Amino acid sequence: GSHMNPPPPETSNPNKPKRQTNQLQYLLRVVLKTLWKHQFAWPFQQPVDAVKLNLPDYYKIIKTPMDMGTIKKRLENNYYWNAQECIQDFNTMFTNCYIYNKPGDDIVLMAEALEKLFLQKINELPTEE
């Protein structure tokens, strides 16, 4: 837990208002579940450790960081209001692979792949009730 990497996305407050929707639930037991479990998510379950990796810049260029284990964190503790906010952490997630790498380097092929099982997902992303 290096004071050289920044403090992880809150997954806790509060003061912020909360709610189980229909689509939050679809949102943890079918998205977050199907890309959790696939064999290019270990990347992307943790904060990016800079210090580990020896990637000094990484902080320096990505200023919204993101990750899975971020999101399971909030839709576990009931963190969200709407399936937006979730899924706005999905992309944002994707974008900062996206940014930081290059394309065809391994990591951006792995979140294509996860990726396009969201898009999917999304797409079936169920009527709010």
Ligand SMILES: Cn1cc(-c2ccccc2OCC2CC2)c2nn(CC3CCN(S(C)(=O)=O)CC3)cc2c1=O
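In this text, the rigid core denotes the largest set of C-alpha atoms whose superposition between the two forms falls within 1.5 Å. Residue numbers count along the first chain shown, from 1. First, how it differs from the form deposited with the named molecule bound.
With a cut-off of 2 Å and the rigid core superposed, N13 has a Cα displacement that reaches or exceeds the cut-off between the two forms.
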Contents of the next structure:
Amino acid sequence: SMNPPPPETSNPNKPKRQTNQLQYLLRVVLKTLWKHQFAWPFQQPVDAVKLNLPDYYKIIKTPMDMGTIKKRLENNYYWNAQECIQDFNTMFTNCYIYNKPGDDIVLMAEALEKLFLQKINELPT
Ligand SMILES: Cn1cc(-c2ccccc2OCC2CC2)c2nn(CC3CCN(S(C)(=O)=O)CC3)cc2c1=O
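Form solved without the named molecule done; form deposited with the named molecule bound now:
To see the whole picture, the full complex is given below, headed by that same chain.
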């Protein structure tokens, strides 16, 4: 269909290894964004079938969403915090390059992104 398979969320052949930055990404960054009143469009992959968005996956090269990021963090999928930060950035980029600038979805992305960037400015060493 219009929708790709969702990104992989677990890695069965990697060690379990935390870093205090990965702990912060889950317990501070993701948890704060997840509970935000504007999170809901970003809590799962964009369902281009159900939302009737035939151009979405033509335009977006790297699908990403916070449900995938949440599962990745819970499964210790990321080897390092920069991989996770990259996924958040991708998610926001996708929204900004696809959607019309004055739309609610973009207003919502911006509020989430400000919060994200403020928490990343406080990323522990
Ligand atoms: C990340 N994302 C999520 C949703 C969405 C995924 C699941 C459920 C709802 C979703 O978007 C709802 C819109 C209200 C925020 C979505 N939907 N669309 C298509 C339209 C919907 C209507 N908006 S608008 C005029 O309201 O800003 C423009 C984009 C693009 C989307 C996107 O980039």
